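To begin, one chain is listed below as structure tokens, in the form deposited without the DNA.
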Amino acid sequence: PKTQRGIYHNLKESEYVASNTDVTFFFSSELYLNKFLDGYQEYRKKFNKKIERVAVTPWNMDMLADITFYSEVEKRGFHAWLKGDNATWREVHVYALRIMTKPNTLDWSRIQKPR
């Protein structure tokens, strides 16, 4: 359960969640949730510059950037859902691969605790 300081050590029970309508990321605190939501757009830009210096490709790396920012922002674990079901780290990466072929990118917003 949520600690006196507002922390969820078990991400599965967290009330702090963000979604892009396909994927849902769970956070251990409101501080981490807001850091992700407030910085992912800028991180996508920084991520692309770094990737492009390594290799030029026709791919949309936005989702991979989002997964990477989540891992960097959330310090108490990784917990995600894909299309409403609990997804493993690898399953989220598979989704990011398939998404690389599509031109448009889905944005993220805070949602209420799911079922």
The other form holds:
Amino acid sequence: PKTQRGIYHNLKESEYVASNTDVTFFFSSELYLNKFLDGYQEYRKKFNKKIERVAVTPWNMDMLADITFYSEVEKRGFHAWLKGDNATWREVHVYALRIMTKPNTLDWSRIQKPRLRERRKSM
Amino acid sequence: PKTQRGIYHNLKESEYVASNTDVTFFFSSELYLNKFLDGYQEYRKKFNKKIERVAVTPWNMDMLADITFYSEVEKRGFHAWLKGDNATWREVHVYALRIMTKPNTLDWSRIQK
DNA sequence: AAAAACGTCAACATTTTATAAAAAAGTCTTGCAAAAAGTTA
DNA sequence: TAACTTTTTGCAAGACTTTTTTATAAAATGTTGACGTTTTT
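Show the other one: the form solved in complex with the DNA, since we just had the form deposited without the DNA.
What follows is the entire complex, opening with the chain shown before.
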């Protein structure tokens, strides 16, 4: 896959990947991968403000900020893994609920492309 | 306990009570009790509209809207029960967290001690 | 040894970001007049 | 309860402050088609 300019319209096959150790996001372009890795920390700051003006809760909404940021940056789709398995949007959001009870936040990082095994395994 | 005018600065011993069968909110004055019962269904719209601008999610945040609203209406304190037991502010939220994954919303209604 | 097939890479076509400026929605005072609560005897 | 005083409430008119739009240039991504090479015969 991967067009002449470097875009993967079929996320599963991408080589642009990011993972926070729990969740893995695939992107269609390096442009998006870096857009995501470069500004997610900022996005979290700005995310928490907006939300605090709507409600005050004992929760760490960072992961939720990360999915929203992901969704806003990847214009060509949505494909993610949750600890190795194929994860849907709702499934990543469930993880985000369970994890917002935790005070600290895992950071993100680029990681090499999975590998046919890990891929067939995730489904 | 109750002022002459009928205000309970000690919500723990108030007769102005609203409940949704799962949790129960104690008000300090019938006025606040009704400001709540009369304005919550509308707050849920306003609330989800507001939250929806920050992020779209598969969740039903009404209860969180409910807890938030309670906090802004009851100006003389915060007291609540969760399935019979006294509930800290954090425990009511934990609960609001669970019901987030439930499609329908419990409605509120006045009750008596 | 070519003709057909490929693969690379300018050069021009389109689609997407990035922003600055403007518009518009939404918030946060300030000021009483009114309703609620506190006091008073 | 009644009568009076002091707080909260409700709203309206401005002054501000984010969000949403627009518009437009910049930056990406997409396409096309000579031009050398490769591989098929």
